[PDB]
Amino acid sequence: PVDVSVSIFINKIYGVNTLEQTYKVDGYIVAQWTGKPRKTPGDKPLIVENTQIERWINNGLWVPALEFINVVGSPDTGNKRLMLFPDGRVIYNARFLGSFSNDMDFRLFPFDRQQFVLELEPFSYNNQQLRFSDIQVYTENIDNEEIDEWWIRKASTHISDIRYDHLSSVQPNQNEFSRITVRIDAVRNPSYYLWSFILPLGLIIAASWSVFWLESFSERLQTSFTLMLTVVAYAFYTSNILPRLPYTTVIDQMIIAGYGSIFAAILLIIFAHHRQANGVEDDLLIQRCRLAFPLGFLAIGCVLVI
Amino acid sequence: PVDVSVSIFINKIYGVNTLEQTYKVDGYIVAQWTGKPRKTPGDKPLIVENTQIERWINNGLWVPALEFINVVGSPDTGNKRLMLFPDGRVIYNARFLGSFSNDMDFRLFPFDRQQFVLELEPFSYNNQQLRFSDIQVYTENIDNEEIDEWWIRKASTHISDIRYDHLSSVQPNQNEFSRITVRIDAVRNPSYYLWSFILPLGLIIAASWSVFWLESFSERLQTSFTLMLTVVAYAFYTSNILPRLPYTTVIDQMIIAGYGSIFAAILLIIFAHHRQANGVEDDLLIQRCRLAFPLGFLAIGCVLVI
Amino acid sequence: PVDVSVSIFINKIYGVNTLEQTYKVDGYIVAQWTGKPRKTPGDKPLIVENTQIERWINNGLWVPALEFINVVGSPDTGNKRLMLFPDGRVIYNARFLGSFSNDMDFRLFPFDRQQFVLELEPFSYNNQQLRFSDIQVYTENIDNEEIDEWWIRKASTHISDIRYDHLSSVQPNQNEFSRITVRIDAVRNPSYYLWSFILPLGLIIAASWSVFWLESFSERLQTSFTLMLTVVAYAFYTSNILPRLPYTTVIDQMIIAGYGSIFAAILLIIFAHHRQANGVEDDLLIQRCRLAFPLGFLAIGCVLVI
Amino acid sequence: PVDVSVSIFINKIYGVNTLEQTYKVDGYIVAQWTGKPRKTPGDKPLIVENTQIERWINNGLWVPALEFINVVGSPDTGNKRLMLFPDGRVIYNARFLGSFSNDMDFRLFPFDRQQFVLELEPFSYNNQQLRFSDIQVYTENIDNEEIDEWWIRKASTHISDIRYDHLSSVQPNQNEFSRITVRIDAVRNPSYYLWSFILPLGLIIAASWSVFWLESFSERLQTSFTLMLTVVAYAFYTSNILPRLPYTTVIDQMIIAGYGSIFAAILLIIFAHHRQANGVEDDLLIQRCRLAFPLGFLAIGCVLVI
Amino acid sequence: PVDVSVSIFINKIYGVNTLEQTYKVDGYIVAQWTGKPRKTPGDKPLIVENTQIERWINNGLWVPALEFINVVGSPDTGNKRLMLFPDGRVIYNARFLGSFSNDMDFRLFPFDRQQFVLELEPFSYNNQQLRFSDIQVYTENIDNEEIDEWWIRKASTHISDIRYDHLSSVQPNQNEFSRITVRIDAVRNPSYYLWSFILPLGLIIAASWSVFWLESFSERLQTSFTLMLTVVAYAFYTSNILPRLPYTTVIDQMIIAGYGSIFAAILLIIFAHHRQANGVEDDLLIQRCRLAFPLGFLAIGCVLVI
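Chains as they are written, first to last, in full-length UniProt numbering: chain W, 11 to 316; chain C, 11 to 316; chain V, 11 to 316; chain U, 11 to 316; chain E, 11 to 316.
Any given hint might turn out to be false.
The list treats identical chains as interchangeable, and a pair is accepted whether it falls inside one copy or across any two copies.
[As the list claims (entries may be wrong)] Below are the SDA-like pairs computed for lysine to any residue, each with C-alpha atoms no more than 25 angstroms apart in a straight line: (1) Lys164 with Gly108; (2) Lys49 with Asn185; (3) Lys34 with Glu155; (4) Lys22 with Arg189; (5) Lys34 with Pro85; (6) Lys22 with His176; (7) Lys22 with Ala75; (8) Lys22 with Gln124; (9) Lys22 with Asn199; (10) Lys46 with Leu177; (11) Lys22 with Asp195; (12) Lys49 with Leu177; (13) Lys46 with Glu59; (14) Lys22 with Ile172; (15) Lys164 with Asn80; (16) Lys54 with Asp292; (17) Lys34 with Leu94; (18) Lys49 with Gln181; (19) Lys46 with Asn103; (20) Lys164 with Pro256.
In short, the hints are calculated from the structure, not lab data.
Using the sequences provided together with the hints, build the complete structure.
Spelled out as structure tokens, the structure:
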């Protein structure tokens with residue numbers, strides 16, 4: 011059972027694709043294992059770079075194929091490099107950039123709690139064990155954060171053994187590969203979305219109610235039609251700029267709320283009026299519920315928070 | 011007639027392209043067949059990974075080219091791997107990611123019933139038969155359904171024989187290739203579309219009718235012009251966010267319905283008024299059909315459901 | 011003069027790029043010619059697949075480079091395959107997916123009459139003649155037409171000789187290559203565009219005129235300003251969803267028509283009023299041309315159909 | 011000093027990228043030079059195609075690397091081809107598709123005057139001279155210019171010598187390479203933009219002024235608020251469909267003009283009214299400058315043309 | 011410790027990707043170092059172009075792999091070239107085009123102060139020192155600037171030594187690589203954004219206040235609802251055209267300011283009216299604060315500039 015020591019260097023985690031639950035990662039992988047000591051020119055460990063590595067494979071030198079279990083597609087390999095030591099051991103170092111997949115829940119969108127994961131695992135070796143895994147999240151925990159879309163926490167390893175129940179034509183016990191699973195926790199930078207989406211959306215819902223502080227009945231009604239046209243014009247601005255998903259976020263709901271608030275008003279207003287014993291018998295208290303559902307909406311809003 | 015045993019591992023089905031009737035699939039293919047027993051180093055199965063496989067071909071080792079009949083373009087191959095057994099048999103294992111095509115009907119859009127299909131078939135071998143086909147939809151059913159856009163059911167195999175009537179200059183009986191056809195059934199996650207499209211679109215059509223509970227004639231009419239401007243502003247929000255198709259979905263129709271509901275109102279309102287024995291002889295019952303077509307629209311709507 | 015027999019199999023024609031006059035085609039090419047009889051292992055045709063073909067070229071085996079004259083870029087080659095017969099003849103079979111160019115006129119957009127073309131031609135062989143050309147448009151002439159964006163007709167061949175008035179430093183007669191030209195006729199699926207664009211655009215132009223059935227002068231005018239704002243909001247919805255072109259389509263014109271219809275109204279209304287012998291002397295007939303240009307627009311529309 | 015004769019065949023110039031000042035070009039390059047006479051199988055020139063050319067290089071055959079000085083990225087090479095004559099001379103022919111750069115000024119956007127340029131030049135040869143350059147703009151000048159986005163003129167060559175002041179540690183005179191510079195002049199197809207942007211934008215600015223032919227003060231003002239909302243809704247439609255640039259085009263200004271015209275009106279109207287010696291003494295002449303700045307805008311417009 | 015002399019030729023810096031903090035750079039790299047004198051066919055330096063270089067490596071010729079530390083992905087290499095001198099020294103020259111990363115702050119968007127950086131560094135050589143670094147920003151310092159999106163300054167070198175605290179299994183002193191760091195300073199071209207965004211946005215905020223110069227109460231209020239609908243329609247036009255970021259720019263704030271200015275007005279107006287001692291006791295001074303916050307907004311604006 012060959013002992014391999016992996017070292018992942020995260021360089022940048024960017025491009026989150028909300029719909030496909032994808033995110034790009036740029037960094038280097040370093041794998042080290044020991045082989046039958048070798049005679050290296052001069053003596054100081056040998057250095058085989060790009061084109062060359064493929065040659066040394068053709069001459070016997072084995073190099074384990076470490077697949078990235080959760081990569082959509084196939085990584086963009088930069089510089090590959092083999093460092094061969096006289097005492098045997100071999101060190102594989104290569105830079106990569108690939109799109110990884112992972113279950114991502116964007117339900118509370120404006121305020122996300124996501125976790126970026128990597129998953130290394132020998133592509134075709136049952137007993138070729140991954141020794142110790144180390145990740146260098148050489149990123150700035152509290153240096154830059156509000157210049158970047160996401161805020162992090164700290165690296166997180168975890169080696170384990172995966173069992174496939176239908177591998178190759180084997181019975182002895184060939185179905186357990188060791189998988190390195192790295193985890194980086196991150197939280198979304200709310201700022202932008204609050205000050206450009208949540209806030210103004212609130213002032214619209216607020217100023218929505220001020221349709222009651224209108225005297226006439228025609229004014230009280232016809233104005234909610236320009237108010238209706240406003241929430242649509244907003245849901246539009248919201249959708250065209252926000253990340254598409256298969257479910258509704260918090261903002262997606264405030265938009266529905268605004269739609270109900272205005273439809274509610276439409277009913278009351280077209281009720282207070284025609285709930286008359288003469289015609290203009292606008293129920294003085296109902297037509298004046300100017301503080302009834304404006305706060306009765308903090309009751310409908312604190313139920314969406316339950 | 012060589013016997014091949016295929017095993018398809020579906021890893022992720024994503025990126026549905028409504029217009030091109032395309033969808034991406036990531037997974038591995040495993041093909042097994044038996045050859046003339048071989049002398050393998052040591053004696054345990056041999057493993058040829060990437061660069062190497064191409065070399066063994068140049069030394070006679072035959073490896074059947076299994077084409078993906080319905081793939082738009084040419085798959086993104088990840089790690090290839092040949093496992094050669096001493097007793098002969100060879101096992102081909104490779105990871106792939108490709109865009110597949112298939113007839114897809116998105117007529118009832120908000121509520122889709124689609125089926126993702128794969129079609130393997132030897133690219134150039136008449137009598138090289140596909141033995142048994144197995145598919146591991148190791149996706150998690152009633153697990154993350156509401157975090158993902160599509161909900162599934164269960165795998166579905168089916169080997170068969172395809173006959174081409176104009177092959178290479180051959181007449182004997184060389185025109186029948188065995189094709190593996192895999193099928194995965196899925197249903198779309200309605201949620202988002204209902205609560206952000208169907209609903210508000212309904213409240214707009216509803217509040218649309220409340221143009222009758224207006225006293226004056228000018229109000230009854232000029233208000234449907236801001237109502238007209240609203241349905242357009244909505245069809246806009248809908249189109250910019252929905253998947254483009256060559257035909258109309260359900261929602262595309264609710265939008266047409268709202269256009270007619272408002273044009274209908276325009277006619278009645280500009281009829282009730284000028285259908286006078288004086289000037290302002292608004293047919294008191296017609297001007298008050300405030301419950302005539304609002305429910306007479308549940309008759310026009312239950313005919314689109316006929 | 012070598013005799014080659016080509017056979018093109020159209021698998022899918024998709025992705026029409028209106029601006030670049032481009033469209034993607036997936037399928038296989040099959041070329042057959044006869045060479046000096048050969049000794050094939052066993053005796054049955056010798057099947058050489060991918061990696062291998064390039065090798066047989068290095069050992070003399072000639073394989074004519076058949077260029078796709080009208081391909082933007084360079085095709086995506088799938089599986090190549092050489093079938094060598096003992097009696098000499100060689101059969102080349104490969105799958106391709108490429109973007110082809112062709113003059114495309116989208117003037118009558120909603121209702122297009124386009125034709126997808128392919129053009130094969132030896133890249134470097136004057137006297138290497140293309141014998142007979144066959145195309146298998148193995149599609150459903152009338153099976154699923156309303157699920158797909160385009161409707162077709164039937165294949166269409168045509169071999170010919172192209173003369174380049176300036177090729178190599180040759181002139182005896184080396185300037186005539188045989189070019190296979192395939193043609194597939196198709197018509198656009200109007201549906202969607204009619205029911206989501208033409209129709210509602212008409213009801214907007216219609217309801218546009220109902221600005222005359224308004225009593226007051228301020229109403230008659232100020233309402234066309236919300237009507238003006240409507241046509242713009244529509245031209246917007248139209249452009250964002252329609253295919254960009256360098257010229258105007260039919261729909262691009264109905265939008266111009268609506269802009270004139272509303273500007274026309276603006277003039278009449280601000281004329282009828284200030285065209286008085288007292289003040290509100292709205293020429294009792296002009297202010298009531300409620301049926302003057304509404305049908306006088308079917309005269310302006312039947313002149314755009316001239 | 012080797013004499014090379016180049017021949018560029020322009021096949022299609024498309025995809026202009028306004029922001030990066032990029033445009034795609036598809037065509038073939040043909041380079042001819044003479045070498046030490048050779049023994050060609052048979053005797054008629056020898057034809058070397060794709061894979062093979064790289065082989066002949068490995069056997070001494072030199073082939074000059076001709077770089078495309080102004081190409082963003084690295085061309086998409088189609089079919090390469092070497093034609094070797096017995097009398098020595100060699101003819102290189104290959105098809106290419108690349109994205110070229112060049113200074114492009116889109117200030118007068120609707121009416122552009124651009125020029126597409128190519129620049130060939132030996133990548134590493136000081137005295138390897140480019141003899142005569144010929145370009146076949148076998149595109150069709152007066153063909154269907156109203157189908158294509160750009161209209162052309164005629165080819166344009168120009169060989170020259172470029173001097174680099176920072177080369178290898180060479181002193182004698184190694185710093186002058188011959189560069190072929192091809193130029194194709196083109197003008198944009200105004201049509202679409204005039205009839206879908208310039209025109210309606212004008213009718214909006216026109217009908218903008220008709221805010222003065224309103225009686226009341228509130229009408230005169232409140233209407234310019236729906237007029238304001240209209241210019242914004244238009245600047246939106248314009249931006250979303252027009253090519254993004256770092257500067258303003260003609261249309262970008264008409265939009266600014268419409269913004270000033272409406273802000274001007276806002277001032278006058280809120281001046282005429284409150285510029286009194288009573289309360290409603292709207293300066294009968296100012297409130298009636300209905301022809302003051304409407305033509306005084308053809309003065310503001312003929313100064314933007316000044 | 012090998013002495014290498016690098017020379018970077020910037021050809022074009024384009025395509026800034028605000029969200030990923032990416033930008034594309036096209037140019038050439040030239041590296042020179044001296045080796046054991048060689049016998050060059052003839053005597054003048056020897057030139058190995060593309061395909062060939064990889065060959066000379068297979069025959070011992072070492073060529074140091076110089077990685078681009080901050081490149082997202084892997085550069086697009088154009089023409090490679092090795093110039094071997096008889097006196098030993100070797101000159102590597104290759105053209106590249108790649109996407110580079112760097113911390114970019116776009117807080118003051120309309121007016122950016124960015125700096126494009128390159129970072130070369132031997133991929134696997136501890137003592138292979140970078141001698142002197144030179145950069146040719148052969149661009150037009152003033153020549154053209156309002157034709158291009160960015161304005162520059164002057165090149166900027168800086169060689170240094172980077173220490174990795176845990177590289178290979180090497181304890182001696184192998185952890186210091188010499189890194190060339192190039193810096194180019196640039197400022198964004200404000201023009202377009204000022205005249206198409208800042209300005210009209212101001213005129214909207216200005217004309218926003220003129221809602222006070224309205225007589226009635228219903229007018230004063232209902233007009234701010236068409237004013238509200240305007241700011242939204244503007245925030246939309248702004249977002250769809252501006253570069254997406256995780257934080258708010260200057261413009262993102264003017265939009266918030268307009269939202270508050272309008273919500274402020276809504277409060278005052280629905281205060282002046284109902285803050286009575288009868289009914290219409292519109293605090294003649296408050297209802298006439300027509301110059302209160304219009305300039306009291308230059309106080310709220312000069313606090314955002316605090």
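Evaluation of the provided hints:
For the homomeric pair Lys164 and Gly108, the shortest alpha-carbon distance inside one copy (21 angstroms) is at most 25 angstroms, but the shortest distance between copies (30 angstroms) is not. In this assembly of identical chains, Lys49 and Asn185 lie within 25 angstroms of each other by CA distance solely across copies; the values are 24 angstroms between and 36 angstroms within a copy. For a Cα distance limit of 25 angstroms, the shortest separation of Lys34 from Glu155 qualifies both inside one copy, at 18 angstroms, and across copies, at 24 angstroms. Taking the closest pair of Cα atoms, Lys22 and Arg189 come within 25 angstroms of each other both inside a single copy (22 angstroms) and across two copies (19 angstroms).
With identical chains, the CA atoms of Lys34 and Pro85 are at most 25 angstroms apart both within one copy (10 angstroms) and between copies (17 angstroms). Only between protomers do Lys22 and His176 lie at most 25 angstroms apart by alpha-carbon distance; the minimum there is 18 angstroms, versus 36 angstroms within a single protomer. Taking the closest pair of Cα atoms, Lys22 and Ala75 come within 25 angstroms of each other both inside a single copy (24 angstroms) and across two copies (22 angstroms). In this assembly of identical chains, the alpha carbons of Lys22 and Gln124 lie at most 25 angstroms apart whether taken from the same copy (16 angstroms) or from different copies (20 angstroms).
Only within a single protomer do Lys22 and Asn199 lie at most 25 angstroms apart by alpha-carbon distance; the minimum there is 16 angstroms, versus 29 angstroms between protomers. In the homo-oligomer, the alpha carbons of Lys46 and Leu177 lie at most 25 angstroms apart only across protomers (22 angstroms), although the nearest pairing inside one protomer, at 30 angstroms, exceeds that limit. With identical chains, the CA atoms of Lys22 and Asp195 are at most 25 angstroms apart both within one copy (14 angstroms) and between copies (23 angstroms). For the identical chains of this complex, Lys49 and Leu177 are inter-copy neighbours only, at 22 angstroms across copies versus 38 angstroms inside a copy, given an alpha-carbon limit of 25 angstroms.
Both within a single protomer and between protomers do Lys46 and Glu59 lie at most 25 angstroms apart by alpha-carbon distance, with minima of 21 angstroms and 21 angstroms respectively. Taking CA atoms no more than 25 angstroms apart as the test, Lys22 paired with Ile172 passes between copies only; the shortest distance there is 19 angstroms, against 28 angstroms inside one copy. Taking the shortest alpha-carbon separations for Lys164 and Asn80, both the intra-copy value of 21 angstroms and the inter-copy value of 22 angstroms come in at or below 25 angstroms. In this homomeric assembly, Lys54 and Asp292 never come within 25 angstroms of each other (Cα to Cα): the closest approach is 95 angstroms inside a single copy and 91 angstroms across copies.
Proximity of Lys34 and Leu94 under a CA criterion of 25 angstroms is satisfied in neither setting, with 31 angstroms inside one chain copy and 36 angstroms between copies. In this assembly of identical chains, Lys49 and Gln181 lie within 25 angstroms of each other by CA distance solely across copies; the values are 20 angstroms between and 39 angstroms within a copy. For a Cα distance limit of 25 angstroms, the shortest separation of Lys46 from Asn103 inside one copy, 20 angstroms, qualifies, whereas the shortest one across copies, 29 angstroms, does not. In the homo-oligomer, the alpha carbons of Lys164 and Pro256 lie at most 25 angstroms apart only across protomers (21 angstroms), although the nearest pairing inside one protomer, at 30 angstroms, exceeds that limit.
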